[PDB]
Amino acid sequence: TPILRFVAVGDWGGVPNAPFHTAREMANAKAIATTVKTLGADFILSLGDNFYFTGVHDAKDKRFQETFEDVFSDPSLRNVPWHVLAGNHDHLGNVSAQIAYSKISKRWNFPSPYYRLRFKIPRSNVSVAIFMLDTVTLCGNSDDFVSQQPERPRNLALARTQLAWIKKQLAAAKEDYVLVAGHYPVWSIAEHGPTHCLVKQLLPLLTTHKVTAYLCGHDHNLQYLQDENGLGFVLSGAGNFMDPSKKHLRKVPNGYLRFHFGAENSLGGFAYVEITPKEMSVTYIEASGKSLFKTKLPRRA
């Protein structure tokens, strides 16, 4: 069966004090390496918060080696490409530096704040589009507000331009599977909860244009949510931290939550996505190696 395989990991960005990683980040690096070795991966998606707590200063920042390259260094992961987007902490520093780092590290691919990826499932005519968004420039930086919510964008032109781009791209996308990814959640039951900006501006487009799933991090846990139209919400924000909060449980429409794992003494985890001509599958994997939940999502008509 033709297949495209990828890991989606969020909020993995270590720490700025020595040794520049956490035990959770290392456990996820090892667990991801084991998953790649045993099941395979064509690429890894980062769902943002790549360098805690204030990003990187420029493209030569030692954190690229300390928190990224040296951490994800097990043999099975050498040469697996990453496709990256930014979170709020990245935007407290220099995101242009993370984009420029694409020219330094072969496996790091981050061409602009938001961009389109297209894949053909090998030995099939089935196609996949992934739209990588910058939810910080769209909605604001949550760290700019005492509320730790993205109350408004810093720059109106950047936000309006990205929204227009999303709309145009989603209206034109002909692919068999269409995924959208961004740092902040549409829906989440946890410490930050739903992002009002995305519920208002992005979700109507995901629905109208029959997107398969929206992938995100930002809340430091694992969740699968699904609305009554079958649109999936893959929340994978557990590469470095585990927050057991259910603070926003009642702010998500009843029944949307299908799976949640946030145990405070867990090492975290990630999502593993498999796309075939038959369906898309998502498996949530704890950093201890345990498979926690698996679900499938359909092809677009």
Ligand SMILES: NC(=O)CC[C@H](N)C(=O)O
The other form holds:
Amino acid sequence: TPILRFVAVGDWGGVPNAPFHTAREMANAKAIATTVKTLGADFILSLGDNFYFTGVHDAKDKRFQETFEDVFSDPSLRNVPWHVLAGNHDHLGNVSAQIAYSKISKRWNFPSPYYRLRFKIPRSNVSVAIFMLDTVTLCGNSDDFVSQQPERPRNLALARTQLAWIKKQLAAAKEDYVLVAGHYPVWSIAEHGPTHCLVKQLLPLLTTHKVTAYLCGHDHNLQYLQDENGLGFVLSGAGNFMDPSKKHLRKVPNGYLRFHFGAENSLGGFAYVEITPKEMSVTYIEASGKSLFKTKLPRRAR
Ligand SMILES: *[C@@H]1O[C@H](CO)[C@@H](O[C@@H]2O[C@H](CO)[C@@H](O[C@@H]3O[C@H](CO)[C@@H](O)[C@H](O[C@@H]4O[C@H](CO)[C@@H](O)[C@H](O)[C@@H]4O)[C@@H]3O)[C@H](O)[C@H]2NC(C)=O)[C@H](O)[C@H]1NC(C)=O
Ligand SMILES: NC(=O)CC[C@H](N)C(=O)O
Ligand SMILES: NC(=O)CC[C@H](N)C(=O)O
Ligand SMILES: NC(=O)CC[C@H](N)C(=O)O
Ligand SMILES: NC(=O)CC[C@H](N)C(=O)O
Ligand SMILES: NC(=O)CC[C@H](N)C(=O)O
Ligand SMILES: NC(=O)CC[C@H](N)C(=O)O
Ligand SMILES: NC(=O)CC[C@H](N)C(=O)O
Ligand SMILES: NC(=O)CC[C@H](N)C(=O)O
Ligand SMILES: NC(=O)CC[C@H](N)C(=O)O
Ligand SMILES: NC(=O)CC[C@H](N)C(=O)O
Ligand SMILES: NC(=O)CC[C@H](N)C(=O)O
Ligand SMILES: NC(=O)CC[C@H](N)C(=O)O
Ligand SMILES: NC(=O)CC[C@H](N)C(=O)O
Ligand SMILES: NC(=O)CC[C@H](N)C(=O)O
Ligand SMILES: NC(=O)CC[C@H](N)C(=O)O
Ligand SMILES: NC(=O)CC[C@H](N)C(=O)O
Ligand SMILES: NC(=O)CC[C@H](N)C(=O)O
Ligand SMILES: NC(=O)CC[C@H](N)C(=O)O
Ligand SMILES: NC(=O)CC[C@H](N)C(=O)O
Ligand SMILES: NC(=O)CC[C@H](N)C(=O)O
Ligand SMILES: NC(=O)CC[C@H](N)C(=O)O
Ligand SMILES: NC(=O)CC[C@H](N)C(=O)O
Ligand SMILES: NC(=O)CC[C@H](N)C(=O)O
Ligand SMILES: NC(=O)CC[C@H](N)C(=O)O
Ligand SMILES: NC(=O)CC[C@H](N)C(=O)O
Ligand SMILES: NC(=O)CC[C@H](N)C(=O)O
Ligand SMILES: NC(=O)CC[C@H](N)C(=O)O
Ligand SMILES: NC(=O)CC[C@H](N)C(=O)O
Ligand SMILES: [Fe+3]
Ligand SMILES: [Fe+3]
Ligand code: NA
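Now the other one: the form deposited with the named molecule bound, given that the block above is the form solved without the named molecule.
Everything in the complex follows now, all chains and molecules, and the chain you saw is the first one.
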């Protein structure tokens, strides 16, 4: 009965033309509010691409109210904190602005490009670490390249510094559950597919240090993947767009893909995570309210 609950939504950032949201973003705002009202949520994780298509200009940019506050304004969301990280489109604009906005909106929590969250599951001593990454400063901005793959970071020292931080943090983490989150995927069968930078540089750390799951967006669909070590991959990038691409199906090792939903007639959806002392589970919920897939992930034990 002790439980931690949160929604993970990716790539919800509306549009820069009025009315500054899509039909899909509005459906997911309503669907998330209903989920929060009916099942509860202790917080919401944004998996990046918070403001399409070029982010915000500064912390008083009106897109913060137009695409974020006014869209996710249903009353059940009133007191629900958001923990945010950046995607590639955010980085085309002013990312310091989205960090500074944390001081303007109470529920907006974005203290740094990368940072560590730590929770105690209520009514228990079980602990959860969530490391929020900036995969754009780690790997590069996909929008810098015709390939739309982050081929190289713009600043080597900045990339190597975050990698060192992740190394040291994951080797020291004592929590029962360790989640890692970033915008770009490790594995994905869809339009961008796997990020070579993360597969080479992040995935060995996730494996070595017994991470429960990596959460991401960036590909505009819903996927669950799991490798032969039981490391889970929660891809939730369907807050604003639905891309049915299977372009990179053959770039993901056979068997890793356990669930995929990208139907273009869908309004999108999101992932709902529940963590108890017993186990972690993730439910993929469509913007229509239908449960699409649910699976459990183990307690790492520590
Ligand atoms: C990326 O985003 C950053 C975060 O918004 C932004 O940094 C902010 O820049 C603004 C504008 O320079 C700063 O806001 C002003 O601070 C002064 C104090 O010097 C206030 O007096 C001032 O008053 C307002 O601004 C007008 C100034 O021309 C004034 O006439 C108006 O009437 C009004 O009084 C503003 O409050 C703010 O402190 C900065 N914040 C931080 C956290 O640095 C960056 O500029 C932006 N970068 C880029 C490249 O766009
Ligand atoms: N807000 C809540 O419902 C917190 C209680 C939660 N059901 C728990 O057992 O920890
Ligand atoms: N803010 C809310 O009322 C959502 C549910 C509550 N945060 C819980 O965890 O039970
Ligand atoms: N929306 C704009 O004005 C620019 C968009 C940006 N060039 C992109 O590739 O997404
Ligand atoms: N009324 C509004 O501007 C919507 C956001 C509101 N402050 C909330 O937390 O729900
Ligand atoms: N070095 C850092 O992690 C801070 C980066 C800076 N706040 C930015 O995103 O513009
Ligand atoms: N949640 C956090 O611990 C935020 C850490 C952030 N890097 C800071 O020191 O400002
Ligand atoms: N805001 C939170 O609850 C997470 C903070 C986390 N305990 C840290 O110090 O890094
Ligand atoms: N190590 C922790 O954070 C939780 C305590 C211990 N894993 C237990 O529940 O038995
Ligand atoms: N870290 C930086 O150089 C800033 C982001 C830049 N887009 C990158 O390639 O990483
Ligand atoms: N127009 C584009 O290709 C988007 C990228 C953006 N102009 C940049 O500075 O990287
Ligand atoms: N600005 C550019 O010329 C491209 C930047 C890119 N990060 C690279 O070094 O390949
Ligand atoms: N070395 C320090 O004093 C802090 C550096 C800082 N973390 C940065 O990369 O921007
Ligand atoms: N859908 C997108 O954002 C771009 C994907 C495009 N099909 C490609 O060349 O990879
Ligand atoms: N990451 C992407 O956007 C797709 C790149 C693809 N692997 C190519 O080389 O064309
Ligand atoms: N064990 C495996 O086959 C995984 C693939 C490997 N991580 C790669 O670089 O593609
Ligand atoms: N070109 C690449 O694939 C990266 C370098 C080298 N092949 C490796 O082991 O990853
Ligand atoms: N939750 C888990 O234990 C996943 C397995 C662990 N991440 C590993 O690869 O070693
Ligand atoms: N079909 C495409 O070329 C892109 C689809 C787009 N992402 C959407 O929201 O539907
Ligand atoms: N390349 C871009 O400007 C982003 C495309 C946008 N995400 C779409 O699906 O239509
Ligand atoms: N090998 C395949 O059939 C898929 C490759 C994928 N189209 C790419 O651009 O890398
Ligand atoms: N060779 C494979 O199947 C993995 C993908 C390979 N890294 C490529 O870019 O083509
Ligand atoms: N098939 C389609 O064209 C889907 C788009 C439509 N606006 C929707 O959100 O469902
Ligand atoms: N007839 C169908 O299956 C399409 C409706 C489906 N529930 C959707 O909109 O995603
Ligand atoms: N969080 C968990 O995986 C424990 C079970 C959880 N109550 C569920 O909905 O499946
Ligand atoms: N199998 C499904 O698509 C979900 C069953 C049911 N409609 C639910 O959402 O709870
Ligand atoms: N069975 C389902 O998929 C419904 C939702 C799921 N049981 C949850 O706890 O959120
Ligand atoms: N057996 C099922 O219907 C799958 C369970 C899960 N709740 C789902 O709706 O997808
Ligand atoms: N998981 C799958 O193989 C398909 C996904 C869907 N949840 C189903 O049960 O049919
Ligand atoms: Fe996106
Ligand atoms: Fe993206
Ligand atoms: Na805040």
